[PDB]
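**Student:** Here is what each chain is made of, one letter per residue.
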Amino acid sequence: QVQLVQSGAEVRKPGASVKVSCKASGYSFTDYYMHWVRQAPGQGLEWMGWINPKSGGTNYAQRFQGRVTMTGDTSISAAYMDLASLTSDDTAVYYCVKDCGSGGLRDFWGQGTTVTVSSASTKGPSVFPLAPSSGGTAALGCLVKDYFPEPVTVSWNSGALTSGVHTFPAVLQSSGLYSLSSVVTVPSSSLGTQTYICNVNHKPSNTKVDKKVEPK
Amino acid sequence: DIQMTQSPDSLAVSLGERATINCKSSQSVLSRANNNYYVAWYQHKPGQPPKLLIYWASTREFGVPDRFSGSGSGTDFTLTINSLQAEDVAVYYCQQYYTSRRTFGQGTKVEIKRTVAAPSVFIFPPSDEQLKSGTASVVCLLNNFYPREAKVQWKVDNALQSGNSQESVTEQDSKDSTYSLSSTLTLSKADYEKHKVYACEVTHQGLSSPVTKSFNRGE
Ligand SMILES: O=S(=O)(O)C[C@@H](O)CNC1CCCCC1
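Line by line, the protein sequences are chains A and B.
If you're matching positions, the first sequence starts at 1 in the numbering used here and goes up one per residue.
If you're matching positions, the second sequence starts at 1 in the numbering used here and goes up one per residue.
No lab work stands behind these hints, which were simulated from the structure alone.
The beta-carbon is built from N, C-alpha and C at its ideal position, and this holds for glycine as well.
Just to be clear, a hint being listed does not mean it is correct.
Simulated coverage check for chain B against chain A, where a stretch passes if three residues somewhere in it have a Cβ under 8 Å from a Cβ of chain A [what the hints assert, rightly or not]:
| # | segment |
| --- | --- |
| 1 | 44-50 |
| 2 | 114-128 |
| 3 | 164-173 |
Required output: the full structure, derived from the provided sequences and hints.
**Tutor:** Laid out in structure tokens, this is it:
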């Protein structure tokens with residue numbers, strides 16, 4: 001019914017600022033409230049503030065007062081969140097949320113903008129095999145190591161192989177680079193017949209890798 | 001500001017049973033003008049933004065199944081899920097919107113409680129491809145276990161490793177209600193080529209005693 005289209009993922013160095021946009025369409029363009037809510041890794045939702053794009057009135061959570069500025073352009077139904085003096089505590093998904101009237105659904109959410117606060121440079125991953133070596137079933141996989149920023153996607157056999165696939169959450173290493181593992185369990189009897197290729201995509205570095213994984 | 005304190009942090013409930021999630025406001029969130037409690041409940045799942053379930057403490061949002069209900073009594077708020085379904089596995093948040101500034105509770109993770117299931121354990125040496133680069137990653141996979149609590153202990157020539165591994169865990173599988181976990185031991189190529197016996201020892205309540213998977217470097 002309503003789409004809140006957010007700007008794309010951002011990387012910032014510590015001490016820099018970030019400005020995220022949210023553009024509404026479908027219902028209204030003036031007198032509603034737009035809220036900003038974020039979620040940092042391993043943390044709960046955190047309410048940041050609201051803006052009334054018609055009046056320009058704002059109200060910020062106490063912990064962001066003096067560091068966040070919300071603005072609105074009623075003419076393009078747009079709201080902006082500008083956050084200064086960034087630290088790694090500001091690495092988060094940032095969601096815009098429209099407050100609706102009575103009659104229908106009470107709210108609509110954007111899909112989120114990921115902001116990563118880090119001194120790391122953009123780097124595509126290395127892809128290493130986890131080669132099959134257990135009761136009729138074999139495990140194999142791909143280790144996707146040393147990339148920045150998130151995310152990477154992994155599929156198997158161009159997305160034709162879904163049964164028994166587990167792609168783990170990425171871990172952040174002390175280097176400031178991420179690592180991710182994807183595994184699949186298959187019948188041991190299939191290791192001779194069937195080919196297994198992990199399809200890795202790191203869009204931030206324009207890095208796509210296909211790795212065939214076979215017994216050593 | 002008004003604080004919202006949720007409990008419990010984690011809830012495991014059998015399929016078709018009742019889940020109860022609690023939230024305590026630090027102050028009244030009741031309007032004297034309309035006698036509504038300014039409390040909302042949200043459901044947050046992977047691949048979708050947070051979803052409003054309940055507003056004014058007890059009013060269900062359009063399109064929310066009737067197995068979701070909310071109650072408010074002074075500073076105590078409850079979200080009840082009757083007949084819990086696998087699709088209900090999520091983090092639930094309360095929120096107050098009584099004041100101009102809003103506050104979320106810290107969240108409650110709801111999972112399906114299934115019977116205990118021991119992990120299947122697999123170990124992977126570093127690839128020869130990786131060894132060219134001066135780092136070695138040794139991987140241990142724990143597949144399809146319940147509950148989520150598991151201990152992985154790496155050993156290298158029987159020395160217990162601490163601080164040089166990282167792990168991560170899948171979301172609960174919708175069909176079998178299990179978890180999987182991968183642990184990665186990172187060490188220098190020099191250390192890898194110096195030592196011989198690489199072991200992943202797994203402790204879990206589905207096992208009588210810890211399970212060890214090991215390899216000898218070069219075999
Ligand atoms: O097809 S998808 O874009 O889903 C994933 C893509 O990376 C697959 N590339 C193939 C792999 C097999 C050899 C030919 C190239």
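**Student:** Give a verdict on every hint.
**Tutor:** Going down the list of hints, with the structure as the test:
1. 44-50: holds (count 3)
2. 114-128: holds (count 6)
3. 164-173: holds (count 5)
In the structure shown, no violation is registered for any of the earlier numbered hints.
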